[PDB]
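Q: Next come the chains, spelled out residue by residue.
Protein chains: 2
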Amino acid sequence: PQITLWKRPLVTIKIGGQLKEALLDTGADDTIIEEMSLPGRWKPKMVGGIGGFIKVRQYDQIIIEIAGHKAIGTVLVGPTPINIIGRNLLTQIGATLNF
Amino acid sequence: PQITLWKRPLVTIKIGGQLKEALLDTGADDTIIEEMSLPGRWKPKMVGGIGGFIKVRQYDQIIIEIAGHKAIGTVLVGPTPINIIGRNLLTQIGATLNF
Ligand SMILES: CC(C)CN(C[C@@H](O)[C@H](Cc1ccccc1)NC(=O)O[C@H]1CO[C@H]2OCC[C@H]21)S(=O)(=O)c1ccc(N)cc1
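Sequence lines, in order, name chains A and B.
Take the first sequence: its position 77, counting from 1, is numbered 77 in the UniProt record's numbering, and each next residue is one higher.
Take the second sequence: its position 47, counting from 1, is numbered 47 in the UniProt record's numbering, and each next residue is one higher.
Honestly, the hints are just simulated from the structure, not real lab data.
Be aware that one or more of the hints could be misleading.
[To be verified] Listed next, the in silico DSS-like pairs over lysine-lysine satisfying Cα-Cα at most 27 Å (straight line):
{"no.": "1", "chain 1": "A", "residue 1": "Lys55", "chain 2": "B", "residue 2": "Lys55"}
{"no.": "2", "chain 1": "B", "residue 1": "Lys55", "chain 2": "B", "residue 2": "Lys20"}
{"no.": "3", "chain 1": "B", "residue 1": "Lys70", "chain 2": "A", "residue 2": "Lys43"}
{"no.": "4", "chain 1": "B", "residue 1": "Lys7", "chain 2": "A", "residue 2": "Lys45"}
{"no.": "5", "chain 1": "A", "residue 1": "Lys55", "chain 2": "A", "residue 2": "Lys45"}
{"no.": "6", "chain 1": "B", "residue 1": "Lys14", "chain 2": "A", "residue 2": "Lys7"}
{"no.": "7", "chain 1": "A", "residue 1": "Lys7", "chain 2": "B", "residue 2": "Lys45"}
{"no.": "8", "chain 1": "B", "residue 1": "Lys20", "chain 2": "B", "residue 2": "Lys7"}
{"no.": "9", "chain 1": "A", "residue 1": "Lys20", "chain 2": "A", "residue 2": "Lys7"}
{"no.": "10", "chain 1": "B", "residue 1": "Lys43", "chain 2": "B", "residue 2": "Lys14"}
{"no.": "11", "chain 1": "A", "residue 1": "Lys7", "chain 2": "A", "residue 2": "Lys43"}
{"no.": "12", "chain 1": "B", "residue 1": "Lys43", "chain 2": "B", "residue 2": "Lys7"}
{"no.": "13", "chain 1": "A", "residue 1": "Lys70", "chain 2": "A", "residue 2": "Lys45"}
{"no.": "14", "chain 1": "B", "residue 1": "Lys7", "chain 2": "B", "residue 2": "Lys70"}
{"no.": "15", "chain 1": "A", "residue 1": "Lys7", "chain 2": "B", "residue 2": "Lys55"}
{"no.": "16", "chain 1": "A", "residue 1": "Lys14", "chain 2": "A", "residue 2": "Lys55"}
{"no.": "17", "chain 1": "B", "residue 1": "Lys45", "chain 2": "B", "residue 2": "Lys14"}
{"no.": "18", "chain 1": "B", "residue 1": "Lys14", "chain 2": "A", "residue 2": "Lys55"}
{"no.": "19", "chain 1": "A", "residue 1": "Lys43", "chain 2": "A", "residue 2": "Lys14"}
{"no.": "20", "chain 1": "A", "residue 1": "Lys43", "chain 2": "A", "residue 2": "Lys70"}
{"no.": "21", "chain 1": "A", "residue 1": "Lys45", "chain 2": "A", "residue 2": "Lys7"}
{"no.": "22", "chain 1": "A", "residue 1": "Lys55", "chain 2": "B", "residue 2": "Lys70"}
{"no.": "23", "chain 1": "B", "residue 1": "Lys70", "chain 2": "B", "residue 2": "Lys45"}
{"no.": "24", "chain 1": "B", "residue 1": "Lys7", "chain 2": "A", "residue 2": "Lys14"}
{"no.": "25", "chain 1": "A", "residue 1": "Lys14", "chain 2": "A", "residue 2": "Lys45"}
{"no.": "26", "chain 1": "B", "residue 1": "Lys70", "chain 2": "A", "residue 2": "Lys70"}
{"no.": "27", "chain 1": "B", "residue 1": "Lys55", "chain 2": "B", "residue 2": "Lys45"}
{"no.": "28", "chain 1": "B", "residue 1": "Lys45", "chain 2": "B", "residue 2": "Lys20"}
{"no.": "29", "chain 1": "A", "residue 1": "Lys43", "chain 2": "A", "residue 2": "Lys55"}
{"no.": "30", "chain 1": "A", "residue 1": "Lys70", "chain 2": "B", "residue 2": "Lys7"}
{"no.": "31", "chain 1": "B", "residue 1": "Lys45", "chain 2": "B", "residue 2": "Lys7"}
{"no.": "32", "chain 1": "B", "residue 1": "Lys45", "chain 2": "A", "residue 2": "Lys43"}
{"no.": "33", "chain 1": "B", "residue 1": "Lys70", "chain 2": "B", "residue 2": "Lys20"}
{"no.": "34", "chain 1": "A", "residue 1": "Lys7", "chain 2": "A", "residue 2": "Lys70"}
{"no.": "35", "chain 1": "B", "residue 1": "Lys43", "chain 2": "B", "residue 2": "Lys55"}
Whenever a hint applies, use it, and build me the whole structure from the sequences.
A: Written as structure tokens, this is what we have:
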């Protein structure tokens, strides 16, 4: 699909068996999802953006369906105000910025 | 152009006659630039990011060249870790997300 930017580019994702709404974010290096339970060992990481840093749990090799497209990669879990799909997964689904 | 996301989508912008580097960010509603002197009066605005809120100065009708495309709109100036080109300006250059 070709997404216009008049509004937030929100899509439905499936992760860990749950359905969630997330933002397709070209400005995000990594994907960050609100607090939830995921299987596996994880390692702590600090992620910084506007306003500062938050502590997150880094889970590797997580499968996520984005708008119906299966993808695999690292997912950071923590206190984010919105679910964000970053470049690490956008590349996997072949997303591009066009103008 | 068609920009892939294996690397941060950074482009050159020309504002106030100066050349700077900026990130094409579909996850940002608004355009935010690092501290610099812009013309006219400003209005206050609070911007919420991943790590909290910062206070910024809002300047309207600012002329900005993005990767060679002229745009005229609102620009926020504040303590951002990187210059961000948000949806308000992305729409003016006709950017879309495609996959
Ligand atoms: C600041 C950028 C370099 C990176 N940010 C992604 C960015 O797209 C966020 C993503 C974002 C989106 C909504 C809420 C929090 C974070 N948007 C944002 O900061 O925008 C602010 C200015 O415009 C306003 O409208 C959106 C919030 C304001 S980030 O959220 O801090 C971030 C940092 C590291 C990773 N791995 C993933 C994301």
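Q: Against this structure, judge whether each hint is valid.
A: For each hint, the structure was consulted:
For the hint pairing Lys55 (chain A) with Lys55 (chain B), the CA-to-CA distance comes to about 22 Å; that is within 27 Å, so the pair holds. In summary, the hint linking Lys55 (chain B) to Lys20 (chain B) is supported, as the alpha carbons are separated by about 22 Å, within the 27 Å threshold. Note on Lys70 (chain B) and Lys43 (chain A): the hinted pairing is violated, with a Cα-Cα distance of about 44 Å set against a maximum of 27 Å. Distance check on the hinted pair: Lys7 (chain B) and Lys45 (chain A) sit about 21 Å apart at the alpha-carbon level, within 27 Å; holds.
Taking the CA atoms of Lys55 (chain A) and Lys45 (chain A), the gap is about 6 Å. The hint holds against a cut of 27 Å. Between the alpha carbons of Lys14 (chain B) and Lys7 (chain A) the distance comes to roughly 25 Å, so the proposed pair stays at or under 27 Å and holds. A hinted pair counts as satisfied when its Cα atoms are at most 27 Å apart, and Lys7 (chain A) with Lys45 (chain B) qualifies at roughly 20 Å. Restraint check: the Cα-Cα separation between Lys20 (chain B) and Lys7 (chain B) comes to about 18 Å, which is no more than 27 Å; the hinted pair holds.
Distance hint between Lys20 (chain A) and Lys7 (chain A) is fulfilled; the C-alpha atoms sit about 18 Å from each other, no more than 27 Å. Taking the CA atoms of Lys43 (chain B) and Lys14 (chain B), the gap is about 23 Å. The hint holds against a cut of 27 Å. A C-alpha spacing of about 34 Å is found between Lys7 (chain A) and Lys43 (chain A), which places the hinted pair above 27 Å, so the restraint is violated. The hinted pair formed by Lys43 (chain B) and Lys7 (chain B) fails the criterion: a straight-line CA distance of about 34 Å is larger than 27 Å.
Between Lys70 (chain A) and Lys45 (chain A), the direct Cα distance comes to roughly 25 Å. Compliance with the 27 Å bound is thereby established for this hinted pair. Taken as a hint, the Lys7 (chain B) and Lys70 (chain B) pair is honoured in the structure, with Cα atoms around 24 Å apart against an allowance of 27 Å. At roughly 23 Å between alpha-carbon atoms, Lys7 (chain A) and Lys55 (chain B) fall within 27 Å of each other, so this suggested pair holds. With a C-alpha separation of about 23 Å, the suggested pair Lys14 (chain A) and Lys55 (chain A) falls inside the 27 Å cut-off, and the hint holds.
A threshold of 27 Å between alpha carbons decides the hint, and for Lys45 (chain B) with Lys14 (chain B) the separation of about 23 Å falls inside it, so the pair holds. Note on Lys14 (chain B) and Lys55 (chain A): the hinted pairing is violated, with a Cα-Cα distance of about 35 Å set against a maximum of 27 Å. Of the pairs offered as hints, the one joining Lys43 (chain A) and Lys14 (chain A) holds, with about 22 Å between alpha carbons and a cut-off of 27 Å not exceeded. Proposed proximity of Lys43 (chain A) and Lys70 (chain A) is supported: the alpha carbons are some 24 Å apart, at most 27 Å.
The suggested pairing of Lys45 (chain A) with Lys7 (chain A) is violated, with an alpha-carbon distance near 31 Å, which exceeds 27 Å. With a C-alpha separation of about 39 Å, the suggested pair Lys55 (chain A) and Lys70 (chain B) falls outside the 27 Å cut-off, and the hint is violated. Note on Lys70 (chain B) and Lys45 (chain B): the hinted pairing holds, with a Cα-Cα distance of about 25 Å set against a maximum of 27 Å. This hinted pair checks out: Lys7 (chain B) and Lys14 (chain A) have alpha carbons roughly 25 Å apart, not beyond 27 Å.
Note on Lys14 (chain A) and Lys45 (chain A): the hinted pairing holds, with a Cα-Cα distance of about 23 Å set against a maximum of 27 Å. Using a Cα cut-off of 27 Å, the hinted pair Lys70 (chain B) and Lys70 (chain A) is violated, with the two alpha carbons roughly 37 Å apart. Taken as a hint, the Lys55 (chain B) and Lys45 (chain B) pair is honoured in the structure, with Cα atoms around 6 Å apart against an allowance of 27 Å. Distance check on the hinted pair: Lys45 (chain B) and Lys20 (chain B) sit about 23 Å apart at the alpha-carbon level, within 27 Å; holds.
This hinted pair checks out: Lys43 (chain A) and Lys55 (chain A) have alpha carbons roughly 11 Å apart, not beyond 27 Å. As the CA atoms of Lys70 (chain A) and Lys7 (chain B) are separated by approximately 21 Å, the hinted pair is consistent with the 27 Å bound. For the proposed pair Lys45 (chain B) and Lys7 (chain B), the alpha carbon gap of about 31 Å is over 27 Å, so the pair is violated. Distance restraint check for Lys45 (chain B) and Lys43 (chain A): the Cα-Cα separation of roughly 36 Å exceeds the 27 Å cut-off, and the hinted pair is therefore not satisfied.
For the proposed pair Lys70 (chain B) and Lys20 (chain B), the alpha carbon gap of about 15 Å is at most 27 Å, so the pair holds. For a cut-off of 27 Å, the pair hint linking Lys7 (chain A) to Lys70 (chain A) stands: about 24 Å separates their Cα positions. Distance check on the hinted pair: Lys43 (chain B) and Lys55 (chain B) sit about 11 Å apart at the alpha-carbon level, within 27 Å; holds.
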